[PDB]
Amino acid sequence: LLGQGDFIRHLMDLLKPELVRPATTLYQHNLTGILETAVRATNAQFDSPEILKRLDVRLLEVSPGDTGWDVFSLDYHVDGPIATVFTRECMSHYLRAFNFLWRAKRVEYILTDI
Amino acid sequence: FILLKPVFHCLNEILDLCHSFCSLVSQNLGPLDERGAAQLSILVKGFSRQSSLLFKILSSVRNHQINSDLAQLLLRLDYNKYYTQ
Amino acid sequence: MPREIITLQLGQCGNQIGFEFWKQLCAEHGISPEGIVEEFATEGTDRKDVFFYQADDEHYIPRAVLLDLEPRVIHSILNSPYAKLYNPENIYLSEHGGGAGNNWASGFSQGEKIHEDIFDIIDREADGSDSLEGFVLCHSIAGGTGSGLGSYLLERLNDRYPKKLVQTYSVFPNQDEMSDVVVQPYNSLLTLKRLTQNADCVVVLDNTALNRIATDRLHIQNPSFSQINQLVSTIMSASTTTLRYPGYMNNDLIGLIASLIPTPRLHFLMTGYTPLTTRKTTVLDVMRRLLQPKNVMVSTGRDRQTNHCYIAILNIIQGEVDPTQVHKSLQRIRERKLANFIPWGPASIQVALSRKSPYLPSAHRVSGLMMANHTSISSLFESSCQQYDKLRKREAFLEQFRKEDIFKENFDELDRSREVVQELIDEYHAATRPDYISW
Amino acid sequence: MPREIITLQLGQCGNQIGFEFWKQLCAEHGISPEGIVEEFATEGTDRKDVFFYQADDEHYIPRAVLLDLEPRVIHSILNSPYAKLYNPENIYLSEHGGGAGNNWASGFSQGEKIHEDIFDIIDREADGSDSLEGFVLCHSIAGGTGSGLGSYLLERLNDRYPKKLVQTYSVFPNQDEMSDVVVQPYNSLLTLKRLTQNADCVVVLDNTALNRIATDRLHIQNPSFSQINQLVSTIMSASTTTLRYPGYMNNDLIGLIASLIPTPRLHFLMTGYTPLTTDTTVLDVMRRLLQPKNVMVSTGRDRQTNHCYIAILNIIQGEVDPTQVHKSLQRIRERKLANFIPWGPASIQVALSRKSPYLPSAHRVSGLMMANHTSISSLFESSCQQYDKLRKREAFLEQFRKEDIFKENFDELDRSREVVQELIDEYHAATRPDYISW
Amino acid sequence: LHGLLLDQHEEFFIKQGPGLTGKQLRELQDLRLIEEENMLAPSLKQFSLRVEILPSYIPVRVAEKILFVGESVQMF
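Residue numbers (PDB author numbering), protein chains in the order written: chain A, 570 to 683; chain B, 573 to 657; chain C, 1 to 278, 286 to 446; chain D, 1 to 279, 288 to 446; chain E, 192 to 209, 229 to 286.
Hint data in this document are derived by calculation from the structure and do not stem from the laboratory.
A few chain B residues that don't get close to chain E, going by computed Cβ distances all over 10 Å: (1) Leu-601; (2) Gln-611; (3) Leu-615; (4) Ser-620; (5) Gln-622; (6) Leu-625.
Once the Cα atoms are required to be at most 30 Å apart in a straight line, the calculated BS3-like pairs of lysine-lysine come out as: (7) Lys-164(C) to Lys-653(B); (8) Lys-344(D) to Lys-585(A); (9) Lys-344(D) to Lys-113(C); (10) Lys-344(D) to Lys-163(C); (11) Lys-622(A) to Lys-674(A).
Label pairs and their computed distance ranges (CB to CB): (12) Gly-602(B) to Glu-116(C): 47 to 57 Å; (13) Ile-638(B) to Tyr-248(C): 26 to 36 Å; (14) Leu-218(C) to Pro-586(A): 45 to 55 Å; (15) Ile-638(B) to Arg-362(D): 23 to 33 Å; (16) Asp-127(D) to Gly-608(B): 33 to 43 Å; (17) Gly-247(D) to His-591(B): 21 to 31 Å.
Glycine included, every Cβ here is placed at the ideal spot set by N, Cα and C.
Take the sequences, apply the hints, and build the full model.
What follows is the structure, encoded as structure tokens:
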């Protein structure tokens, strides 16, 4: 839900350097490694390893006409009963909310960077 | 980086070049004959080709799968970027 | 990544303030005097890596540098129980404990001469930072080392860390007290030109205002520098509160400073802290308490002709705040219409609700920091300019300046500093005009 | 098969360096002054067979010789507690204690006079060594025994072991002090010419910059030869750390030599040691060594010369995380803290090692820096200028004419100057990006 | 107890045998399979589940655990 925001800031510094690139550079193994490194560096290292295994990354749509800040998206692997406690419509609503939040966060980080 | 077949072929070419260059160098003790001069030119060309293809292939490999070893090795390899030049 | 900040407490005043602030911050983080993190603080969520360097023994060696031109203060700090907390490799004390003798020229001379040691320690600290946010320098401009060395340090740090942030607790001279050094105006002029040219923020700490507030609010009769340093420690821990408490929004100081100083030349903002004491204020109650001009810790000339408008106001309030009551109280305060903003644009009234550090015990349920930008400080700038001008017109204390290389040739550096200060004051008057858009 | 190294301690300075390095090696491998291996080193992981011969009584006898043209130094070496550690049969000291008097010509004459003894000692040591790689000579190119003995011994060793490596630890005299022997410049030139003609590498250890480091970082007011010798012993143990700790890769010195001198002529390197101060991440250690004040080698800092680290190597001994090393590489490369030769990629080597178990370290991370930086060409130019200046006045050339090296003429000095000039020119070509084509 | 599955008449249900994140995982899996086909894929399991004769009441996970136990017993 974009809570602890230090990881968000660090990931912004790491990804905006890469989100300037186009969607044709869709190599998110580096993105996942960056997620792991951010967890190991920012205060989210205390997050449970299972919480990190629920965490994931999935780019919503492909758009080379949009930088990484417009095609990049995250993913949340829910497990078992918790996955049965996350509806697909609920998942879509949460995805839309996270998209709006990420757009706002991109705007805010852009302002800070400017 | 074992399973890649293109990596295997590139390594075969590079290893054959290294063995041939080592053999030519060690066999010659004085001035290299016309074979030695052709070998020196060919070795310079082959080393340059191997280095360039290595830069390109290392970029592609670091792009392809989860391997930070390639990134670290490239960081060590391009230290003055003359090899990268 | 993380955003570390390195604090340099320089000179006697800066070093004592740094010691007090280190005590306050360590208490906020639950740190023992031997550098040992408490077992109750072993589960803290504070991003200690930014400002305290957790050694391999989990010992938070503060990213703090202690500078003193008199070896007495350095010895006293290493004689305190907090001697073991800071890295001795980060402790630099001049063997020539003569300092600058309250002369900026000698201060800059010594600062440039120890730029070897200064830059060496700076590199020793900087190489240890992962994604350091910036550096903070706390020093007194009235000292000669503080003035000239501050100027030299501003330029030299804009060189050694040209891409790193420069924040400073510029302990401004007491605007109410008669300076014993007439050329202390010239030293301050050099340090202020250095502030405007090679320092990113001049946090003028008015000793006159500090004494007035200490005697008023805490009822301190003949306040010692100890209580002033305690208040400074409180203010510093309030500034580091966002670093101590991990949050969700505006977690970077980029956003706070962007809401603070939109104008590059207007790099100076004033601050106040609460609770300031030796009745739990609600959102609106604490707001009115800070709104009291008697609660101001800055002695900016009360020029009613200068329509000093709080161009910025920020309430960084840590404690129990109700968001719906917050909306209601914000509406009420805007109806109160008690503040003036820069007419070139809307009024900056920023409110941040924060959670307190679990290692810091609080007597007040809510504590708030009030940061504002108002044109009344330009009156204090005019007062300082007039004092400097009176010193220049009297050619006062120019003998030691001519004995020093800065004024051995001429005080044209002082003239340039005065011109820059005049330009800044004029820009401040243009800001007091809504026409600052074109100024 | 072990690669034995014969340690030569020649001249007063060389003998002191050999004794100090032997003491350091004995301490690192847990060898007592009588050579007996300490109980704490009974499980020592150092391959003591390499540079020392372990006895049938477990006494480490370093494959080292303390040779002096004057009996004072030889007697002191055999009078030290570490005398019983070494094999006396490998120690040859000239009974004629006259030395060469800081003359390379007289030193070469004496070396040729004892060529039978010196060559016999070399042959006896090689027959006592299974796969001896070569010998290392620690001495000064200006002293009496030092300069001339080094030149003559270089000739005799290039004759005796053409297929073996030749290493010389040229303890260079302090270049900041006016040498009492003006022909000591000629002696240094002759020793350097002999090194260039019959030796594969001379490790110039600048006593001037070593003393500068001792005074600045070690706070040794008027630093003594004892202090410089202790620093040299520490550096020698750092150079032998890979032998004191059995490693898994690059365990052969062939790679070290090959990366040290890509050009067989360009075989000179500048050294650094850490911790170098009066009594750890990869990037932090790199920056600490990158402080140029930590370098104890007086290589001319010619701003006109495009000095660049042709080679840079950090032998890091202590705890470093491999991921920390990768991050260190990233940070240091971003800082571009080193200028490499422009003719190719930059050589920045990191060798993580473990301390010899018998050696306790007050500093968790200690390092040996090997940098082939083109600033040494200025030091070569300074040496050439000093040789030309001593020759120009022909001062004390009468004593050279009494000496065989200059009895006919000073052509040996001229050849040494020509060799130094050729090396300096090749170094300037190396500083030029044409170095690949130079 | 021993991995013994005597089927002289084949009376048993066990037969003696021998989305970007998703896209990245699929690519990595293709590379890993290419790696494994070359020198991996070691001696196949001596047993297997003859699911043609599988009991309609026996849980499949139970069968998997039982197969693991039997294979371990045979290996031991």
